[PDB]
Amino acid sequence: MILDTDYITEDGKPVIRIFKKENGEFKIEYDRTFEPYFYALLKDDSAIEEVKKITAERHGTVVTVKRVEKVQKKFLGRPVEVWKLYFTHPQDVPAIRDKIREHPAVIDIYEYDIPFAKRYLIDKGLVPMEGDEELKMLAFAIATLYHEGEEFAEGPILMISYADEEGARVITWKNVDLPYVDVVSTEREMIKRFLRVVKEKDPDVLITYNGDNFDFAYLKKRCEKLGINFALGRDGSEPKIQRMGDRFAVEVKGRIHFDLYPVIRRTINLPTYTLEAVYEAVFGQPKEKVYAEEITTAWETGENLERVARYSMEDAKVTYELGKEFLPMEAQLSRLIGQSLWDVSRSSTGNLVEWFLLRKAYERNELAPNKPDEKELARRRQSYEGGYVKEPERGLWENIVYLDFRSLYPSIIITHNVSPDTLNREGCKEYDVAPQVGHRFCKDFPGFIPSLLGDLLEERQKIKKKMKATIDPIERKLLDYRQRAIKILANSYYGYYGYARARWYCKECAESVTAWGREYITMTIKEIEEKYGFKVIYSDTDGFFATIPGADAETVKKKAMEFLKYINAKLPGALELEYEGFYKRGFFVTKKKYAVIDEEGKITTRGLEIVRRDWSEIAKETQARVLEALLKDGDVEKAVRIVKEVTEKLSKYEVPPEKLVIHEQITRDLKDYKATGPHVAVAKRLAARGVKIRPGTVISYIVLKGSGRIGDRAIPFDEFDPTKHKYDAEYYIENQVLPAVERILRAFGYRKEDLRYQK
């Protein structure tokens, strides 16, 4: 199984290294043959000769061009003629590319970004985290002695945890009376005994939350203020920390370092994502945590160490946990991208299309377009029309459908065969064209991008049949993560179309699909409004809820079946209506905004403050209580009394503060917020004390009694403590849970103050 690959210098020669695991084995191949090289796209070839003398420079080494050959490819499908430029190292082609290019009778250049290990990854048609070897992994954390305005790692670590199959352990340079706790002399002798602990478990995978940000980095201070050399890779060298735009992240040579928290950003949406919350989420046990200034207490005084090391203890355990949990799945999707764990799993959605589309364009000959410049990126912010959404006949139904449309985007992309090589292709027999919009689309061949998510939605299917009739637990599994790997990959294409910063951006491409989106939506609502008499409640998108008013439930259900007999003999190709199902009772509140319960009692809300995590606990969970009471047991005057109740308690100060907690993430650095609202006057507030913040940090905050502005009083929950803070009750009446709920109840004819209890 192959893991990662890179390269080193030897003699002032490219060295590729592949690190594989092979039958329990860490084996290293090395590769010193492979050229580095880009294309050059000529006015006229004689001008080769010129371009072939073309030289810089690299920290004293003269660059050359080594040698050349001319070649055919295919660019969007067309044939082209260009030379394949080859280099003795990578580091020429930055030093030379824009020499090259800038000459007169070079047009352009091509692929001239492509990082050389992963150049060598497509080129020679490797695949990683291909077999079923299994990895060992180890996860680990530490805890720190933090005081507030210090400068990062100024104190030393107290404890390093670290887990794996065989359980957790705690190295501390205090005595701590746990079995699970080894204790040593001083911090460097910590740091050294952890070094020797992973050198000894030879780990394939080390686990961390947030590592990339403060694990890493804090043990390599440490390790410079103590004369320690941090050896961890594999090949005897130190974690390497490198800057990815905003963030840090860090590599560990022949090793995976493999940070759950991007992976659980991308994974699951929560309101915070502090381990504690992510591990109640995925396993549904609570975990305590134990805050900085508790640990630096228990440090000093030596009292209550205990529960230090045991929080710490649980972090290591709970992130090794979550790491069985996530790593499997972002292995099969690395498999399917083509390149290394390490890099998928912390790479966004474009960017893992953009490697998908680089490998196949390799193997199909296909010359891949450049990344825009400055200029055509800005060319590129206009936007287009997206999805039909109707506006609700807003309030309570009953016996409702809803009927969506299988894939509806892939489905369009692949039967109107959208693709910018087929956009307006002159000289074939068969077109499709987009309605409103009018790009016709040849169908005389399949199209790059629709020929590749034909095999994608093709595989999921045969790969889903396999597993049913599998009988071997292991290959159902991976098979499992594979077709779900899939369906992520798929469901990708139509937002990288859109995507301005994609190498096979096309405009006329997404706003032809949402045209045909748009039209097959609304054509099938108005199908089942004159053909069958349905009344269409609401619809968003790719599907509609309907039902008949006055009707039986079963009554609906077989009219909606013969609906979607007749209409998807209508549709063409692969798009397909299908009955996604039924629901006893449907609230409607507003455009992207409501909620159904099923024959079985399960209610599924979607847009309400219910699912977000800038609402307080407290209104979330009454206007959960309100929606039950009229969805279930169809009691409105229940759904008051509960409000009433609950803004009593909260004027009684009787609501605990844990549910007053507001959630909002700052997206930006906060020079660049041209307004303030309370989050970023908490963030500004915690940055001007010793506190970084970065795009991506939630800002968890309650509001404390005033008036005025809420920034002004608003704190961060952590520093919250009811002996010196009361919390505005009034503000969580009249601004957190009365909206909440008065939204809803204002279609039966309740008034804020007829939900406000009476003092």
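What we label the rigid core is the largest C-alpha set whose atoms superpose within 1.5 Å from one form to the other. Residue numbers count along the first chain shown, from 1. First, how it differs from the form deposited in another entry.
Of the residues 234, 663, 394, 360, exactly one exceeds or equals a 2 Å C-alpha shift between these two forms once the rigid core is aligned, and that residue is 663. Relative to the superposed rigid core, the position of the CA of residue 66 differs between these two forms by less than 2 Å.
Once both forms are fitted on their rigid core, the CA atom of residue 588 lies less than 2 Å apart between these two forms. Once both forms are overlaid on the rigid core, the distance between the two CA positions of residue 199 between these two forms is under 2 angstroms.
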Second form
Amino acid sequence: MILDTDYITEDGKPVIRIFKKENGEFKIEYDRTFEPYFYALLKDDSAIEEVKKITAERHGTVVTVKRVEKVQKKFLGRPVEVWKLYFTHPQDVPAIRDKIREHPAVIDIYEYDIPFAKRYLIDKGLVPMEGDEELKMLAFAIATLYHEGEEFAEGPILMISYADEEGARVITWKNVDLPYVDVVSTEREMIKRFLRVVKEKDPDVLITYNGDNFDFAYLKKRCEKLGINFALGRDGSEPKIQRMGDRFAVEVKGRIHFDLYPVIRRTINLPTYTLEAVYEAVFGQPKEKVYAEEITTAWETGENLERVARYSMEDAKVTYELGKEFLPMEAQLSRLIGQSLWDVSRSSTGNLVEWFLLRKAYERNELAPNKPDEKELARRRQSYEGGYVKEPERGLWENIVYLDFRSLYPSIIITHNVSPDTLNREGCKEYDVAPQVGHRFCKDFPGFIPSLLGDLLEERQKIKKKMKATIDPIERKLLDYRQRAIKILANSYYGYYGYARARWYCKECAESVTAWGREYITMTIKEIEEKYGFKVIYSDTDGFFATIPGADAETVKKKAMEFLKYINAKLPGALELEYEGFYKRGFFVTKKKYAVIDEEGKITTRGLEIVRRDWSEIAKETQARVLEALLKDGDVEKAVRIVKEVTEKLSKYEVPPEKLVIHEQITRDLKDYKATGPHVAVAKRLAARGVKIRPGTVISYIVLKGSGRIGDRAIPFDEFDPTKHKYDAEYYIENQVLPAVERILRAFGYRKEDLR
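Previous: the form deposited in one PDB entry; requested now: the form deposited in another entry:
Nothing else is written out below except the one chain.
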């Protein structure tokens, strides 16, 4: 299989490198013949003689057109002949593309900003990660000597651990008497030993957890201090640390550096993304955490270094196990998109949409539209109407069915052929007309995007059918993550239409999808209520909760299935309402905030404070206990006792101050805020000390006893001292606990006074 591609330059000429693993052997294929190019549409074919003469310069070098070729293509499905302009080196294209666009005989130019090594995959029809080849994988981790107030990596790496199918080991330069610990003389020999291990094992994949942003950079600084050629690359190169906007990423040439952290952070919703928390969530088994401050004391004192080495060994071990489970999911994405796992595992959904479209366009002989210029961008800043959200019938409900459209917006796109190559296209026999916004879509031929979505949705549904019939709970969870990844990808084709930077931008298509969605969901609601005597309790965009008031569970379930048969026969094309579940009880607080309990006692909560990372633990804990008392038991009196226990304890300062921390992310430079909330107030004070606040910095603060603005008396929790600071019990009662639970316990007649 193909692992990756890049290109280097030799004597001015590009050379594509294809990193392969075939029949158990690593290979680099060199392609010295593939040429960069872009396309020009000319006012007349005679003008090619001038265009071929155009020259530019780049750093001393004269840039010329190498050769040209007339080709017949389509643009949004309409046939057109263009000239394919070939050049000697990819960097010729930026240097000359504008001088060609500006030539008076050139109408427009296309496909002039495509990364060369990825262009190569598309045009050659090559897909990374195909085949039955078994890849060799190795995970690693490091333990470091940390002291507060030091520059990054000023202290040495203490241990390097690594794990694979054969087991896990730790390399260190202090004597530790564990069987899996290899002792060497110095930090330098440790690093060199690890380098030797990687070269001997020769893994196809190197697995880290946040190695993109810590492990490799730490190793780099140390290797700069120590004079080490850290030649992990299969071509003898060192890890390449690249900046991609606000964070970094690391390549090891000839291998795939698989950093789990961006994958997990995108797939699993967790309050914290420690390795321990991620391991427990996936496997159900605990992992002890040894903190940076314990690591340093153990090393300086020499006492209890076994515990550090075990912790280091386990980091590698679980990093490996996690990588074993998540690499196959990302490898499927890599094949679906047609790009390397390194890139696919680190990209936003929209970037994957566009790489997929660019490949499908190439296969269909469709020119890509260009990205917008600054003027076109500014023209694309208007919004448009989205999904319909019904105000809920607040309160407790019983015997509730949840019905929900399968992949609604993609299904609309498929059914109504919604696409920029079919919008208001004149001369067709057949059109579908979007409600409210009126855009007309030709139905006589499949639009480009509509014709691609069907295979995605069909693949998702297969994964789902397998997932629901899977006994192993871990394999089922991984199948869930996989079918969810395709759901988000397919919906991102819709969002792409309304995405200002998209090539296949189509705001008319975007708002037609949403308009059809609004029409379908409201039609389904009117139908189930009028023809089946259901009451719709709550509805959001394409699904709703309903019951038959007075009816038992058996009856509600029977009639719901009858409705589905009826309504799915009326719906067109790919549109399908699905039975998503039954809930014996449910509590609806507001739009987007509710909780339901299934017939097995499992509670699911949406939007409520329990699921919010920026509410205090004590508030979330209390609300969770309340909802369990209400929905699982029938004990409203117990729910209130819980609340009073909490307000009493908080008053008596019996609640552990750790449950009172508020976490809120900084999203911009501190100068760009217009209002200063508590987390910005704390962040500005930390900046004044020189701490360095960035977008993505999380402020974890606690509110101290006082009366004025909350940000005036808010401190970071790492500065809290119970011997000096009293937390603001009245604030956590009146501003965290009571608000979250009172919104539920109103429905039973409980005022705030009845709970404190």
